[PDB]
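Novice: Start from chain B and add chain A with the ligand according to the hints.
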Amino acid sequence: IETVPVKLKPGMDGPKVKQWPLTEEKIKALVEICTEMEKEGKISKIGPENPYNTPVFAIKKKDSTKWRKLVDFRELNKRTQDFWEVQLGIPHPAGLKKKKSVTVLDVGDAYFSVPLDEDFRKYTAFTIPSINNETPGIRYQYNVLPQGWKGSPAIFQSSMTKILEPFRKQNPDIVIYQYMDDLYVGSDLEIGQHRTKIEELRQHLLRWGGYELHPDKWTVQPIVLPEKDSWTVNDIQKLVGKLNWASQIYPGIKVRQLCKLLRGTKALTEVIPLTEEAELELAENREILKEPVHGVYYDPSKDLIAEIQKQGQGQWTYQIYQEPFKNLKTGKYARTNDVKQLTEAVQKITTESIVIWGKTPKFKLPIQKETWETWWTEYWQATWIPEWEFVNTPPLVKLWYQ
Amino acid sequence: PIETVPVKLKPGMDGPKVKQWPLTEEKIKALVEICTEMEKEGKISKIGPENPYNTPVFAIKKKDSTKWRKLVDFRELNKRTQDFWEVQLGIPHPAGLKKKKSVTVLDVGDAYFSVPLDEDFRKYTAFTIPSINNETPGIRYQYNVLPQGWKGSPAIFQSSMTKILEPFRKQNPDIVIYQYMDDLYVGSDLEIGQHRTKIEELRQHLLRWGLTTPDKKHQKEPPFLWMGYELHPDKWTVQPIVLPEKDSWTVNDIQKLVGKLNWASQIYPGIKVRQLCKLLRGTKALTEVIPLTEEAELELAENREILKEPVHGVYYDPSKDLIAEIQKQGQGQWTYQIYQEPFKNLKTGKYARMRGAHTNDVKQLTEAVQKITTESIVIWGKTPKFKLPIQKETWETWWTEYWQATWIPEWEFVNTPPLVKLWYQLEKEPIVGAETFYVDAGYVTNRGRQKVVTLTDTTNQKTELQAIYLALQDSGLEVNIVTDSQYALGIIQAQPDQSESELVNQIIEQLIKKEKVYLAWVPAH
Ligand SMILES: CCOc1ccnc(CCNC(=S)Nc2ccc(C#N)cn2)c1F
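Heads up: the protein sequence lines correspond to chains B and A, in order. In terms of the deposited numbering, the first sequence is residues 5 to 213, 231 to 356, 362 to 428. In terms of the deposited numbering, the second sequence is residues 4 to 443, 455 to 539.
Isolated chain A, as found in the complex:
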């Protein structure tokens, strides 16, 4: 049988002592029968009036079925049971799989029941079945195996399974098994019949420890509709996305759509949601109907196109390098796709995350690179060779300049417009000949120029950039600007090309225009 995992209650706390809710005499009977079957098979065992502990038990009918089912409430117990390592949350992404000749998944029967429970804990699983007659038994039992609905059942169960599987796996390196709750997904490049054979070795091997599996004639095989994607032994896509042809769009509708849209991006390249995504501005209620904008309609229609033809992602070929390519799908938007074979997509994807109020393509593209690397390390345990629309000369320039340190893996330039570039650079030295503006809301130049202004609804910082702006404004092709705002300085010294603040974006505009610009900082008073 399986070796028991020692369980304990959280420190200080004691076992659960809960009163059994009242029960229907009809149920009282139904249970006694269910709890006899269990006692007979050994899954549970009648205990003595010694054990104070006790959790309530309920009776329900199998959804759309006519009979009785036992349901024990362990909430209190679970609040008293130590924390376990606990199952994984992260599931395998399709693109990480290697193609298998054949695959079949098995549903494990009464797995939790086919697993023992640490005796020193068995008591804590105590419950009672009220006796019909006013003065009669009202028998108490306690679990012997893993209780469905109990905190540590999954972990232990899975854990146990891994132990059971160990051997088989060992002598069948060709086979690849994936544990997922009460399902075993098995894949192999074995020839059809040979496959179906090991599947029989397994099933038995499982039966060895009471683990029952479903019978071939009623098992489950591809296509495998798994967590959002449709999995074939050769390729993979997302489960077909149908865009509603609604006439009246509401706020949930959109939010819902936008969400489903995002989903696709991981494989359907070119999907765009911006136009939809500014249909949500100022919205007042989850039920507000928003009439679609022209570009939104343009977008929706355009997305329907991409969704119309099913596309596919292929599997990971551990024999070939991974290749990564990025393009600028627009301001803030970057698209990328990973393939091993020339455009043989394993996965695709977008990147619109703006890290900070201000940024430039170089910085952002790098961040995109970083995002991908991370992702890749997780899916294929290795970093891809990048193909970027930026020249080393361009990169390495901004590189050195920046205060933060950064590093992009082995990467190759790809002359595929648009190309990321720096629209401007601050002069490293003050300019000889250029006018010199001393900005503080106004400025004063070495050439007599002045322009003190006042305004409405401003921020202290906002006023500072304002000045600089005016300076760029009224200046010629080459300017030397001097300021005391260390804030404005940091921003511009970053040489951003994009920002949320329109103001900034204007200044940026000025800068791209100038021939030469020297920005200098000076002390307070």
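In isolation and in its complexed conformation, chain B is listed as follows:
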């Protein structure tokens, strides 16, 4: 019943983010949902005295005709004080990322129970927009712990472990990790035996009031060289270029013998037999590439970056690093349309990041803000939102990944 006084970081003020235009459908959906949340005293209309705003969105649930309100507290969270989550502040189980199979649960609703510090409420302000600006826009602010704010899982943490210690004690063969509104449940049991233990938690959670990841089967898609019958000047050329680029990572890559096949302005299609001398160079470079560069360790105090490339035909590639070239992971994704796909990869990549390091990475998306801002909510399903940025991919990069 008492509220833990939360505060924004020093000097910081509340977010005044713009609200991207929403389709009629979406608004209606939000109008229904909020009207309800209001009746149940979760939220409340606000006066003009409140100048703050957070973007709100309506997304459809996977395998459900129901809509879910997604508030983009990205900025609010950003300017929200830290909480001592060092001492018994979870933190992150190295075991999970390998616990065979894992299911993700949305416990957001659990927050609706705890009331939110009144002095902080004003910052949760958000608006349900209106078409063609016919009317002011419905304004609200949360009274309870709001789903999506980084303060929620914290304040609830207490009561949360409380409600979980039993199941934990009961099934210590199960890893249970919480992230914002999500609950990552990992185990090695057999599928049928898994989905069951999950339901046991589904209901053990109801006692107080739908994914299917496979962490163990993830791998670092490395860089690869063409391996062909005959080698034309062009091949060599491209081959050398790629090699040249990769050398900045793996220093043991020599191209000497390969560049010597290029001496001379031959015709691009002229076939060049590989002089044994060179043939071994390839062999070597080829072997140096069989594994990630040595000494790439994750640093919790540094931002986790994510770059995706549109490989083509519904294929994409990404890399997660904190420091240029020093990739922590590298993978690919295969299927729709570009956007749907892109949003899927994004969500998938975030999930992994969470599961592995416990943080959402910062994506560099190869799209146009307007487009993304238009359809992302059309296929998005997660309850969190990574930070993104939009960029133009240099043709060569995409080449070096396949």
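Errors might be hidden in some of the hints.
Under the rule of at most 20 Å between Cα atoms (straight-line distance), these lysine to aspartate or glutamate pairs were calculated in the DMTMM-like manner [claimed, not checked]:
1. B:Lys126 to A:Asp121
2. B:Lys388 to B:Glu122
3. B:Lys287 to A:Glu438
4. A:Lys238 to B:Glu138
5. A:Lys323 to B:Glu29
6. B:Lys287 to A:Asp498
7. A:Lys11 to B:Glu29
8. A:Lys374 to B:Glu28
9. A:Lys323 to B:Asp256
10. A:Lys13 to B:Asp17
11. B:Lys49 to A:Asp86
12. A:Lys11 to B:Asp17
13. A:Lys431 to B:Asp256
14. A:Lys166 to B:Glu53
15. A:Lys388 to B:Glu28
Worth flagging that the hints you see were computed from the coordinates, not collected in a lab.
Specialist: Then chain A with the ligand, alone, in the frame of chain B:
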């Protein structure tokens, strides 16, 4: 009455303490009278010598009227008053409206005065009326309601209004009310008399909270000349545009014209400004007279034509899908119009935005699509079904190819020349038989060819394209070009068909000509 909105000063800061400018004994009197009326009605109330705070007050005469009017300066106060959510900036575009049988707008009287002010703030609104005699009163009052000229008055007022309106609205879903400063625009498909009736229910309902409205005999009804457009309950157009028949054109004249011209485009299709718009090149002064070019004259004359006959946009019929059509009005220029009923325009418009130094029709047309979608979502809360002069085969090809990902809504091809197409494609594989140019300012081919040149006033990047150009130049129908410039590569790999750089446009020219072209990149030294 209305519920008070709690106001506060920005943090740290304190209320405003400003000296009252000197006053004319004639004014001193005029005010005392105005500020008595206000005190009597309760809008303000004499305060004590306790309140230090105080903002200056002035006296003015109603423009082209003979009497006295009070004017309080709240600049300082407003610089000390917290920020509010604040009114909207975005107004409803005509084409977004649904046709209404009848519409009438009401001017709200003393709305700000008919609205209370948070007591804990009332003090901050303190001012003083100097007493004539050297040693006399010089009375101090403070506002009780919303002060005209004060920061939070609009927001609060509007906000309050919305609260007041809530009920009525609730039981009159048929009625559609729009809040706009001190005007209430009401529309309904009610039968004339029935309409005029609810208008009376409203007026009273407003009076319930002291809100006074204008009387029917002196109200305001269609045509409604609103923010640039002439609004009729059935249709809408822009307020008639008269093109000056000037003999001598100056730089402002043009800029002004070009601007008014742009305005029209949102409804008058076919308006073009290019020729006018290159009359502004190298201009040295805002008053320079530019003699009109022949095509400029041709254009102006052509635009007069389109403007001569008033056209109309119709309202949004939420029952029918929205349809969107685009055409290429020229290089960089695209035109589009949105209708629900076959050519029953709700809105039209152009698109000349070039996103990047280089581009192709496919890319640009897509961007046009995106621009429209956004717009539509805002006006009709939904995305239209597009009709495009491009084949899926054409689109989907460039699609897959491009590195950036893109998506165009449900759309239908429309064989309406000109059709957007790709003038060329780079060969996916080096060409067997074709000569191979290795460009670095010159080139060298597998066939002995050479041509090292030097130049004047060049850019590092410019030199690179130069080479390639020369390569295309001197080559035959099928070329393999090899280069180290990753720059030039990205540009061409984009297969642009238009650019600002003439050079590039030339190269493009070459490319469209070739039979087959293989562009390859290679490392530095
Ligand atoms: C001058 C137009 O004022 C308005 C602007 C925005 N909204 C309203 C409320 C009702 N609007 C709707 S859906 N209908 C319409 C239709 C035609 C006209 C005219 N002439 C005005 N409003 C207005 F009446």
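Novice: Now tell me, hint by hint, if it's right for this structure.
Specialist: Hint-by-hint comparison with the structure:
1. B:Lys126 to A:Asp121: This hinted pair holds, its Cα atoms lying about 18 Å apart.
2. B:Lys388 to B:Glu122: 32 Å, violated
3. B:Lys287 to A:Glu438: Measuring from Cα to Cα gives roughly 10 Å; hence the hint holds.
4. A:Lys238 to B:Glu138: 18 Å, holds
5. A:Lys323 to B:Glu29: 16 Å, holds
6. B:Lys287 to A:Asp498: Holds. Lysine 287 of chain B to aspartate 498 of chain A sits at ~16 Å (cutoff 20 Å).
7. A:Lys11 to B:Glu29: 38 Å, violated
8. A:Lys374 to B:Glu28: 18 Å, holds
9. A:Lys323 to B:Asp256: 57 Å, violated
10. A:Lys13 to B:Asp17: The hint holds at about 12 Å.
11. B:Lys49 to A:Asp86: Roughly 18 Å between the alpha carbons, so the hint for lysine 49 of chain B and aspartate 86 of chain A holds.
12. A:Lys11 to B:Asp17: 16 Å, holds
13. A:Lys431 to B:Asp256: 13 Å, holds
14. A:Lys166 to B:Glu53: Cα-Cα ~15 Å, so holds.
15. A:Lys388 to B:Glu28: Given pair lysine 388 of chain A, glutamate 28 of chain B holds - Cα atoms ~16 Å apart, limit 20 Å.
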